[PDB]
Amino acid sequence: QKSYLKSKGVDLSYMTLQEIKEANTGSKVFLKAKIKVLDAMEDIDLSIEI
Amino acid sequence: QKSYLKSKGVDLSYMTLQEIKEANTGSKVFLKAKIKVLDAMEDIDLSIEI
Amino acid sequence: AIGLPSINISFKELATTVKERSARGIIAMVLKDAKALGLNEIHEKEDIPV
Amino acid sequence: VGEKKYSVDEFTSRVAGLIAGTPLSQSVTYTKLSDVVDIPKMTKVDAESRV
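For the record, the sequence lines run as chains L, X, U and V. The first sequence maps to residues 305 to 354 in the authors' numbering. The second sequence maps to residues 305 to 354 in the authors' numbering. The third sequence maps to residues 2 to 51 in the authors' numbering. The fourth sequence maps to residues 153 to 203 in the authors' numbering.
Treat the hints with care, since some could be wrong.
Claimed, not checked - Computed cross-link-like contacts, DSSO-like style, restricted to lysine-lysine with a CA-CA straight-line distance of at most 30 angstroms: (1) U/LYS33 x L/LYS312; (2) L/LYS306 x L/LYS332; (3) L/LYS336 x X/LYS306; (4) X/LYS340 x X/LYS306; (5) L/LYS312 x X/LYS332.
None of these hints come from the bench; they were simulated from the model.
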């Protein structure tokens, strides 16, 4: 979003991160999401001592 | 309004900001305004890191 | 320029990186023979030319 | 539309009605047209150029 705003030519020096966040984008939305994908058991390591 | 007052030849060198705004205009009204127009969501960019 | 509406989803792996430093522990062994002249690249103990 | 061929000038009425029907909060982009059944085959890059 900051890259897009700077590409348009806005002065974003003093406006804060919260203030930058509401800034209008004009029909464009930018989002990022983090996930972790599970997997099935494939290799099992068992150690037994007597 | 300043340009209009200069056009009629009034001496506004010493008259200050609010005083210039007070000056009679004679049935003429000058007004300026600013707005920001919203738009519909059109392009969505979602970035996912696993 | 206005184009067709764009909806894009991107997946990336978090490339956890440790910097690669100069390899250490390798030996250059130089010898004379009339068979298989040149380098042989013995990375494995049991990989021996006959 | 409905086993009838329409000219572009013929469909001007329908598209104008579509723009008139929609409210102000929403936009016309990406709206279904259940009446229409077939369009001449036309590629994506040509559509981008025309837009």
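Taking the hints in turn, this is what the structure says about them:
no. : hint                : result
1   : U/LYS33 x L/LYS312  : 69 angstroms, violated
2   : L/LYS306 x L/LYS332 : 13 angstroms, holds
3   : L/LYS336 x X/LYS306 : 51 angstroms, violated
4   : X/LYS340 x X/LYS306 : 27 angstroms, holds
5   : L/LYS312 x X/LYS332 : 37 angstroms, violated
Going through the hint list in order, the structure does not satisfy hints 1, 3 and 5.
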